[PDB]
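Model the placement of chain B with the ligand on the given structure of chain A, informed by the hints.
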Amino acid sequence: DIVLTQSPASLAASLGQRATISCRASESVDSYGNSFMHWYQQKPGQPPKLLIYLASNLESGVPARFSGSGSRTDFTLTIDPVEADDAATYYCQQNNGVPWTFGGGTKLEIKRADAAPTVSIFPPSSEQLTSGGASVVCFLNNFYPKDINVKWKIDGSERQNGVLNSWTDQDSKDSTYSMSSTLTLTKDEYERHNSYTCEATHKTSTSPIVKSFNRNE
Amino acid sequence: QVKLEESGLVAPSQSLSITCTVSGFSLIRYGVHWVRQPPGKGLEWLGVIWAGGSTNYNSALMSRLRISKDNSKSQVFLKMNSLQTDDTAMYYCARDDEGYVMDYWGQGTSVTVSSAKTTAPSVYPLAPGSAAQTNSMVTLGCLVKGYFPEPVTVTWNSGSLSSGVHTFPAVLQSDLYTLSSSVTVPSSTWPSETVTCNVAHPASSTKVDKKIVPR
Ligand SMILES: [Mg+2]
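From first to last, the protein sequence lines stand for chains A and B. Taking our numbering, the leading residue of the first sequence gets 1, the next gets one more, and so forth. Taking our numbering, the leading residue of the second sequence gets 1001, the next gets one more, and so forth.
Okay, chain B solo, but in the shape it has when bound:
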């Protein structure tokens, strides 16, 4: 209903371009805001293009930011230049109310500003230590290692296995991220039934499935 599309990774020497495609309402009637959020930090308002087509902006960024739109295509555009690594952030677009609230939001698109190159992850299945099974519960793992930039998405059994899942925020080490996830199930679930971790890395256009097999 509001959907952001963007490059994922941009070099600091280049420009950033993001498109917000809207549905279910018309840009002739509603304004659209841009808001960003660096990793672990707060929301920062970027600006707005009103229904009538005029714009207002974040004061500190106005010299390197512009917002425009195409009413007939239901698209709103953001462009930024003179990029900085602290432009790395989730970028959201949101519907105006005119001018009181942001009532519907897109899911956000991650933008990383960096000269490091895109790297697809290795995805490793983590089975328990070699042998039978000790407990009434079993915990399995999935290790997503050596990728860049953020994000990855991870599910278990295509998202049907969600209870008992813990997917941990990635850690950055020497220009590469590593992420892990655990899933805990009753002993009668595994290994008698298949458990697979599913990983997607949009920046490298890669998807990997790994079935957890006993050692």
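Only chain A is shown next, with the shape it has when bound in the complex:
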């Protein structure tokens, strides 16, 4: 069986610059003058899409900024110039023997200018409270880079138990990330405190971005 190893695991390239990623085969994928190596692109929530076949051939319909090169055990995929829509994970794939196998994938991040998050906080819905539950939700939207920290405070005291965080994949148009942070409490405990605060720490601003509310009628 031929094993494919891709490098790097991830890379970040600015809009309009050049990306090259690599695929190394454990032994030759060459048969009678052709390299049986192929490249696929996968965007979030989509199936993979063929880009390059037999190492260097552009598939019909694929933009000409995509290219491939290599032979034997060493192959590259190049995107030049990179566009926002190229935010995706890329896979090499060989079929010089059965079984067909895939490399482990390389994630391309698009580098853009730093962007501060837009923060919004949401008390539990009336419907959730009537059901006996209480979740407080904080959205931290359209920021860059991806690293961010959220701190929850209840009546001014930090709370970490019961917080679930989730990041989107990178936006295919504006190259930002968003994240949701959900503090889940029992209704019993939610209704024994008055103030709820979501605090976002990001490199873009001094001041942490704070959104808060008081429980009231």
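Any given hint might turn out to be false.
What the hints assert, rightly or not - Result set (BS3-like, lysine-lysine): computed pairs, CA atoms no more than 30 Å apart in a straight line:
#1 A:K151 x A:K107
#2 B:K1041 x A:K146
#3 A:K187 x B:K1117
Said to hold, decoys possible - Covered stretches of chain A (in silico footprint by chain B; criterion: 3 or more residues with CB under 8 Å from a CB of chain B, positions within the stretch not fixed):
#4 153–167
#5 170–182
Honestly, the hints are just simulated from the structure, not real lab data. Backbone N, C-alpha and C fix where the C-beta goes; we use that ideal spot for every residue, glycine too.
What follows is chain B with the ligand alone, placed relative to chain A:
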């Protein structure tokens, strides 16, 4: 054109059966591949049934995997047994070229291998904190809580409202998933016009609409 259909959730003691229904080409002329992808992981080739009807397989899985087909029905079948929780994955079928590429792909079907039971979500509308409206923009939310297995699909205004939407990957907590989505619109859009989140959970055959109303 290639379309996968499968159980959604299977117990680890049972078998997995998935059907790939194809259109626009004939299985007498084209082979069909199976490929899977665990959550957050890479593509893994499962095997292939060629136009002529012979098969090749992933070496590590061959003892518990078989692929077959019915040319006259335009259907390709995958069956797996001796299941493991890391068989939880999106399962794709894809058209062969014979034998160079996978050029057309199905959208994939999610398979979860688990003894936990199907649970429909609660869907909660998230309106801003009680009162007028502060900004030139308003952000609304939808909280999809306590369901199993993945996936759910979520739209806003039946998919007509797509700009300014962020739908976040679900988080798993004690055998149940929770998912949220936000949508940001100009202040003149809401509350003067209706905004509704639409949620579908195929495993429980459930759909829920929630209109976002001011608190
Ligand atoms: Mg792999």
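To see whether the hints hold, each was checked on the structure:
no.: 1; hint: A:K151 x A:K107; result: holds, 28 Å
no.: 2; hint: B:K1041 x A:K146; result: holds, 19 Å
no.: 3; hint: A:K187 x B:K1117; result: holds, 25 Å
no.: 4; hint: 153–167; result: holds (count 4)
no.: 5; hint: 170–182; result: holds (count 4)
Going through the hint list in order, the structure satisfies each hint without exception.
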